[PDB]
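Below, in structure tokens: the form deposited in one PDB entry, a single chain.
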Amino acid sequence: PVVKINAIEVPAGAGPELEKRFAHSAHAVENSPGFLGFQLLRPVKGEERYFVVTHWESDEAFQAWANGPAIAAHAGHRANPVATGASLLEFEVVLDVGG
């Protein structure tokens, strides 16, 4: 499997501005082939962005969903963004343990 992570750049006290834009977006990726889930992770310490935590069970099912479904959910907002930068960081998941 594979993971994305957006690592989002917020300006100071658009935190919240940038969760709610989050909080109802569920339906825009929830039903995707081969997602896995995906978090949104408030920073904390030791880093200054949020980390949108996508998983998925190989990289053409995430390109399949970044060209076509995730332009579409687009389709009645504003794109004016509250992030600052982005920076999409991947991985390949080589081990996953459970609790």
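Numbering follows the first chain given and starts at 1. Only the largest set of C-alpha atoms that superpose within 1.5 Å between the two forms is called the rigid core. What changes on going to the form deposited in another entry:
Once you line up the core between these two forms, the Cα of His27 ends up 2 Å or more from where it was. After superposing the rigid core, the Cα of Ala73 is displaced by 2 Å or more between these two forms.
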Second form
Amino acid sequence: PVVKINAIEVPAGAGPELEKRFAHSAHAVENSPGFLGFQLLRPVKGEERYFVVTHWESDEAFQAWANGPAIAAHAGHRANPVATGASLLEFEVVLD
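Take the protein just shown as the form deposited in one PDB entry and give its structure as the form deposited in another entry.
The following holds one chain only.
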């Protein structure tokens, strides 16, 4: 499988907000094909960015999400966004 990590940047004190958005909004992509579920990681030390860690059977699994329903997902939340940045770190799973 592959892993996509998204380092999301959130101004101070808006992590609860960004958190309520994964909960009280649309945490729904677990029926995307090849999706193996994600973790949302709140930073405590070494870090100030939220990490979204997602596993997938393949990269084509990932691209089905990104290049399909993601471009149009969560329009309102992205029209009024709480995040101020992101980076997509992309890996191959070599051990477990």
